[PDB]
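In structure tokens, one chain follows: the form deposited in one PDB entry.
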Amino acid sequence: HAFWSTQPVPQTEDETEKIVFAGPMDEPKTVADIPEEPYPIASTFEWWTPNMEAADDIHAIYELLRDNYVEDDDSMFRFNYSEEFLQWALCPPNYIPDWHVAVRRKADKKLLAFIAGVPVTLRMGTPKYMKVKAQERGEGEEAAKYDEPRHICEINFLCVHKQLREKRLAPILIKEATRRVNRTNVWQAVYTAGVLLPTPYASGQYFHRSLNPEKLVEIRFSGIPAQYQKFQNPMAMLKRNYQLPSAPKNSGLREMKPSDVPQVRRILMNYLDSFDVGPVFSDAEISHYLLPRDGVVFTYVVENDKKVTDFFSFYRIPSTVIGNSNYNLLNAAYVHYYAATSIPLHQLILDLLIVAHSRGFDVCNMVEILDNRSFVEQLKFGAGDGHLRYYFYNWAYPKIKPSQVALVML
């Protein structure tokens, strides 16, 4: 690892396994110690900070990701994050525009690479159980040192043009992004990836709940499981197995609206503070991340006797179906944040599935963070072949189960 061997991250699993306290990797620094000038690059390339209040700029990023962002190992599906989605994801309250870092070609101003950082406030102190192991050694003082939430950077949408792959461009992007974050006096970041890098503090497998199995089989996202072949019409029985009620079972379920924001913030933060790693949200950020938004984020509440008691949200990311004969797009819903006080979690997520299905989604996707693992079987989710790995930059963190992670990454 010619690049990651130089960075302040735990370098191996044997080393992450032997970590028992949260805290930084690198000795302190100041803004003064960080270069003022952007890092140098090829003569035909320049750095470009896009303006996310301008549809031209958003459009140029959209096209780069649409054609060059994450594909599956078979090159059959590729994320097609929408423009509305990108403006939502990249511009939460207090976002910093200088954290959105691009390289374009001088000659024709063509977008060639991208990486985005947005600020988040994250609890990232010693996990509860490692703290118990610590209170026993009288080391409680060290274990609790970094328990207060920290304002850090969340990195996403790293992307290099297919025609420029393997020219060490991503390390220059990563470094220039680090620089700009450091000049802002931020020293930690959180990020996720489907690939193994040095070194995750958690990993969760992906799970999928089929909503339109016929289409999913047609485009070869899924197949017909062998035991359906004992039927005269396997596809009919597969559809029956995945069939859903026509409308929600929970009366009192309604779309979220702005007046709901403080009660949703209350119940969410009670649920989220249960977990070792989880975000801390103000009313503004709750509003930004949960309030319905057409084609992007969908959020519903259970109102019992005037009070909000439960809620769920999901977000939409279609994927390009790469050269298919009947289909352009896979329409996928992704379980977002949620909270249950009045009903079992699986009864609440069953209404998420019913709503997603009625709004035309083909599949419901999730990672086994939060308590997602606990309803996989009750709700006929299938296990996928990929995992999402959680990483910290410049933060030593003990290994934890994904069910102790509460940060949903877009």
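Take the two forms, superpose them, and find the largest set of C-alpha atoms that agree within 1.5 Å; that set is the rigid core. Numbering follows the first chain given and starts at 1. First, how it differs from the form deposited in another entry.
- With the core fitted between the two forms, just one of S75, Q243, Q229, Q163 shows a Cα displacement of at least 2 Å, namely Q229.
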Second form
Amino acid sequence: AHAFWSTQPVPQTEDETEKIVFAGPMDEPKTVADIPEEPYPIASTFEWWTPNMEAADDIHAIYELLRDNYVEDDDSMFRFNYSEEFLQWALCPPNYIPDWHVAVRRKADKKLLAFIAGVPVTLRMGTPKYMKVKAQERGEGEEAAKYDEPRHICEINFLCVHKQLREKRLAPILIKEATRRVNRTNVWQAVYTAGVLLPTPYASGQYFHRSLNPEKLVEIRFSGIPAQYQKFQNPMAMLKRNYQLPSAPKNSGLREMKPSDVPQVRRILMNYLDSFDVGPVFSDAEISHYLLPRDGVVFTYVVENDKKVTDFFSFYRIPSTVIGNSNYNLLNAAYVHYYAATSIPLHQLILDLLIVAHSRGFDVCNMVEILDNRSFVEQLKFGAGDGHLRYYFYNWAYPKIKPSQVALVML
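Could I see the form deposited in another entry next, after the form deposited in one PDB entry?
If you are looking for partners or other molecules, they are not here, because only the chain is given.
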């Protein structure tokens, strides 16, 4: 029973989603004038707050909320510790809408108690290729193509309720108020991800992890000894030896991305992402924002061949707090971001990502099996994680697809 989600324009069961064969909206069309102009009522001791993401004080307040209260593993050993610089990056892409960043604070002391953030994204989200095949074989190509134009929608992230206020139905009102503010902008769909099962994902991908410092990872109980290494008398030693990375990048033309690479990176990324059912459309401004290197936040490298950029990869940094370990209190994790390989095998491109991440002191490289990420798991010695990242739409019926048809990276 979902007292909240059963009232919302989402598919309500896996059985329902299994039957969806076209993309399209779920709610009746509405207009902005149908949407209340007043923020939803909230307890008189709390207030809605829209942070100013240019104010160091406001960014710091969000930072501290998430540091102490955002996603935790089930054993409370690790918690994400997004940096202030990362939050300003993730929350403030080009043309972002300040009113889509929704917070609740306590009036008396102005303490931040809850947060949810929406940013604009332009998403291809029309009927998937294989369902269009089946639709065309039914003479319904027209209906299957109705919504192929990229849509300007909302990407939701960073939903967080302070630990002391959990299970008091604050998340539904936060979500409802964000929806109100987005709808008041004439935007009617959103996309979000979660590591938990909600009604009802259109895609789910397993997490995979590449140890860069396997001794540390075993000590902090992030990962175990892979089953294939349990046959050894000293598995950690063999792990270190087989996981040892080349001292140097295998691609001699590798260098950090620079502003003049933006147009070529845009073109090769968009050409690659076009082959996926669900994916973002990025302008030069958005390519610049999301991919140009930013210290401690995002790292992007290009390969030149024949004087031109032919390949690139990116990763971003999310440290996690390690709780209860007497030897370590932080885990430095690199997350595979966007990439495109036009002249070298993808596993050779991503090997250079691992080499660079190791040289920069990261402990582990994490990814979800979206894009073509599954294809280099075995080759580059990634191990399967316990987690799955689920992909969801708000007010968009969508057929179930494999994660290999998803090209939207979530931060």
